Each structure stands twice: as structure tokens, then as C-alpha cells.
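Quick heads-up: it's one chain on its own, the form deposited without adenosine-2'-5'-diphosphate, in C-alpha cells.
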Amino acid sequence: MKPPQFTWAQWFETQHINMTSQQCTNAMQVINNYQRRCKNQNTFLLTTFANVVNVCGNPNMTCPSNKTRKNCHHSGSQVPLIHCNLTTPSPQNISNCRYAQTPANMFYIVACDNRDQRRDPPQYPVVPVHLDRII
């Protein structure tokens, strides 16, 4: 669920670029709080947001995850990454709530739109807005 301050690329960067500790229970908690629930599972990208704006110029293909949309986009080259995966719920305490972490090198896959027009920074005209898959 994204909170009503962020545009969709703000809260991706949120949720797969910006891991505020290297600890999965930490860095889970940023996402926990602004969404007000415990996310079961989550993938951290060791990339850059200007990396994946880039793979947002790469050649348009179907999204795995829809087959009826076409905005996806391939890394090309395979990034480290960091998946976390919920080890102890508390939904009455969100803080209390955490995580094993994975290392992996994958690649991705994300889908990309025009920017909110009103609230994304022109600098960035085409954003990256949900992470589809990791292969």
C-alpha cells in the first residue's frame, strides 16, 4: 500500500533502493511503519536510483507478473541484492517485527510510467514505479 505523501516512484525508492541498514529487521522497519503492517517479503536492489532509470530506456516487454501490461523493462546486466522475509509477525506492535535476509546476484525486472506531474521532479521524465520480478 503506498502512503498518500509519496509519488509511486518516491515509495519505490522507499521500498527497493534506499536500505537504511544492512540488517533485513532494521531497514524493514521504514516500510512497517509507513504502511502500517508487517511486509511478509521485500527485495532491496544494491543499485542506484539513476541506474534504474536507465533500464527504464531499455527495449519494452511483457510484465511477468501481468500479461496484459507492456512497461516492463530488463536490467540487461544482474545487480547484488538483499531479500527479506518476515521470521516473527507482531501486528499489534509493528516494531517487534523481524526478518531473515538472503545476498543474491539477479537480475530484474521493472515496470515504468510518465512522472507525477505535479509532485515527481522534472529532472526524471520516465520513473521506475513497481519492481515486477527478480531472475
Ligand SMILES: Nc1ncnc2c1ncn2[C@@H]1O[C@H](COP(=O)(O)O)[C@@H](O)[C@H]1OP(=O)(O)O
Contents of the next structure:
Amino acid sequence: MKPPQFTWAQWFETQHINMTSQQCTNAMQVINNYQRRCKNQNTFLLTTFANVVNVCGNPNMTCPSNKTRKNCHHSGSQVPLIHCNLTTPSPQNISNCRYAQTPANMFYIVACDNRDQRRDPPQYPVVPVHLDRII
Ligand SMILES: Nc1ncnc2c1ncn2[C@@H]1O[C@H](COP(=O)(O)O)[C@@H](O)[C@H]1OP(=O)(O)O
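Based on the form deposited without adenosine-2'-5'-diphosphate presented above, generate the structure block for the form solved in complex with adenosine-2'-5'-diphosphate.
The next block holds the full complex; its first chain is the one shown before.
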């Protein structure tokens, strides 16, 4: 779930592209403070928003995480990424959650959609809206 002030693409960016700190515990505070809960697992791709938008231009493929969807796209090239895993769940005081960080080089599959007409910038008619998988 995402806060109301973000479009799916802006949330995708906040969750999977803008790692505000190379450390998972700090980077996750942003997502957690927005979601009002400590996300158990989250991947940050060490790539640019424009790069992912271009991956959206790759051939459509079935989303492995939602088999009924055909709006996914495979990166075709591996990218460095950091996977954050919750090590200290704290349902009562989320600013207290701690995470581990796991660096890797893998492909990514992103679900893409037409932009939010009213709130997304016209610059990108097609945008990533979900990180379906890293393989
Ligand atoms: N409405 C949706 N349609 C397709 N994939 C979704 C949707 N909501 C979440 N996902 C993706 O399904 C997986 C599980 O989502 P969740 O943990 O929120 O239930 C994640 O890859 C997530 O990507 P993302 O985290 O980029 O939204």
C-alpha cells in the first residue's frame, strides 16, 4: 500500500530506486514511515529511473508474482541491487526497526503502466509501477 500523495510510479521510485542511504536500516525508515509499518523485505535497484522506464519498453511478459498480469518486463541485463530484510520487527515503534542489507547482481522484472494522467509528469507516458521480481 502507498500513501495517497504518491502515484504508483512515484511510490515505485520511493521504494525501489531512491535508496536514501546505502544502509538498509536508514533507507527503510523512509518506506516504513510512509507505510506506517515495517516492511519485511524490500529491494533497491542500483539503477536510474530512466533506465527502468526504458526496460518498460522491452517485450511484455507474464508477471511471475501475479500470473494473471501481462504488463511485466525483463531487464535483459543484470544490475547491482541491495535487498533489505527486517531483522528487528517493531509493530509498536517502527522508527525502531532494523534491517540487514544483502548486495547482489541480478535481473529485474518490472510491471509497467501508463502514467497517472493528473499527477505523473508528461515526460514519461509509460512508467514502472511494481518491482515484480529479481531473478
Ligand atoms: N496491485 C499490484 N499489482 C501487481 N503487483 C503488485 C501489486 N501490489 C503489489 N505488487 C507486487 O507484488 C509483490 C508483493 O506486493 P506486496 O508485498 O505489496 O503485497 C511485490 O513484487 C509488489 O511490488 P511493489 O512492492 O513494487 O509494489
